[PDB]
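Next comes just one chain, in structure tokens: the form deposited in one PDB entry.
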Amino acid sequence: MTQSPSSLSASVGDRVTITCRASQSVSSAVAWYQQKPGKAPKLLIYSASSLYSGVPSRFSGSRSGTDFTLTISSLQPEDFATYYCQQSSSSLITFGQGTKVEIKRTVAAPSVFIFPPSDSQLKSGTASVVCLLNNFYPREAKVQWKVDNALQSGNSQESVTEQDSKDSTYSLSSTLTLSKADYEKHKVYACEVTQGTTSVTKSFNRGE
């Protein structure tokens, strides 16, 4: 079942509308669920337009022609989630592809921290250097590693948290992985984060 906004970005207070099309030709009233990252999804609307008990009134569903819609009348920061529509055919239940809902907000710059590799990790032959980008928006940002000002390639990996529930910012970590051999052949370790019109570099010297 194709839900139409596959992904979506909108500001607090906005009104948001996701569409869901019946797959069969024998129409089936739609249920809608909210799912937060890796948590059990929660029911919101059932029987096309009935608000499930406990769900705030800003949620609502109805029909649009032969399809169904879900509406959040006043988008709120806790509402970032993936939203699924659900149907029954004939002893088969099918969900739709999902619709990811991101809060839009004002730009925020990260606090950048760089962490040297620990002494006990180095004892075992490998060096993990980690760069931390705290509480920023939007999530796109080129983080880049430098070793004695040499740009790195293919030895980094990132992962971002999902949006903070009250301020909508992301956090990012980038781990540079080197062998204890190569880490101790070099002196200056830096990670640079470029967001639009500024780059901020944090660095340390192996002899701290």
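Between two forms, the rigid core is defined as the largest C-alpha subset superposing within 1.5 Å. Numbering follows the first chain given and starts at 1. What changes on going to the form deposited in another entry:
Picking from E102, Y52, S64, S156, the hinge for the rigid motion between these two forms turns out to be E102.
Domain motion between these two forms: the smaller of two rigid parts turns 37° against the larger, based on C-alpha superpositions.
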Contents of the next structure:
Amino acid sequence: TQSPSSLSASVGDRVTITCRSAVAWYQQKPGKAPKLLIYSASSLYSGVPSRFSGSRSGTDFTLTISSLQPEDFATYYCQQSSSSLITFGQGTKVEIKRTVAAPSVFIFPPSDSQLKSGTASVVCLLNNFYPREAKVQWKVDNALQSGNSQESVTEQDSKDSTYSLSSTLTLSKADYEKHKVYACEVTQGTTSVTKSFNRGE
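Given the form deposited in one PDB entry above, what does the protein look like in the form deposited in another entry?
Just this one chain is shown here; partners and other molecules are left out.
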């Protein structure tokens, strides 16, 4: 049923994933079919290398990669049976640990184009940061916002191992022309960065 959702490790690290019938483990890389890695809790499937193992620490099933290799960053799924039913776990993505990087923040006012059809989308971009965890907050003339913004986040960059994140404030055109100052705030840890613009400048 359940597994630790997200994991950062380095090449060389020892890595252990947990799962809530004996379990089978599958590996999936983006855009490819899953492969079977471990069946019957602890049996290595054909061609799977030896740094992989499985175990039952108490009542939970584990998969261990004793020494993580570049080709091992992927998603991992455990799979059980119950009656005539089969179920896969939520999945666990194993990501590349890397040095902390501050996002460069860009704020974009709605285009004149979008405005003159009566909608206002303000777009905040956090670019090339690590780790993934951040808190975004929209400000409109200094009043914080709620219920009117959405967020989305890229997978890890294949070059630098960073993430990017977009946040979109959707306002009516009218609610937009009523106000002057627009700011999104990015908190990561002890640092909190605000970027803004004055409408019409």
